[PDB]
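What follows is part of the complex, with its chains left where they were.
Labels run A and B following the written order; every chain starts at residue 1.
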Amino acid sequence: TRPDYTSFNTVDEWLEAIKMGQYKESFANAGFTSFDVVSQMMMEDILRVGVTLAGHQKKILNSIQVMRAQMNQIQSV
Amino acid sequence: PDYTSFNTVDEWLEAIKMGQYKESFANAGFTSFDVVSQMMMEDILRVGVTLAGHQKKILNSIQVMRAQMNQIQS
């Protein structure tokens, strides 16, 4: 019935935010549609999605690491 | 840069700090975002939310959810 809702901001908004918007469609097609699943990505998943440039992998891996720290912060609730 | 995410109505309630109403939502049958996105004040009163501040918080969070769903469909 309605669009999935899993976070206040969308994965797309995040990719646009860090200037990685060129990967929106790659990420979606591959099912990495929520921060919950993006926060578990490793280099091999980013490669599979199609991020081959080192600078872009570093940027996306850095955001994934911030997502995990923020999640670990809340969990220490 | 807020990466807060949730997979269920319970976690969404904990994310907007309204976790005290988890069981009342679940008991009344509000278990999916499909239905939570359509809730009005009457439903909010039906599950026991009586503080004005909590009622606004939950309704504004429903409105924010609807806006997100509505861009998506766009």
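One rule holds for everything that comes next: a contact is a pair of C-beta atoms (placed from the backbone, for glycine too) under 8 Å apart; a residue touches a chain by one contact, two chains touch by 3 or more.
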**Prompt:** Assuming the 2 chains shown are copies of one sequence, what number of copies does the full assembly in this structure comprise?
**Reply:** 4
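In this section, only the chains that are shown with their structure count from here on.
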**Asked** Using CA atom averages as chain centres, what separation in Å is found between chain A and chain B?
**Response** 24
**Prompt:** Residues of chain A touching chain B in their complex?
**Reply:** 1-10, 14, 17, 34-36, 39, 66-67, 70-71, 74
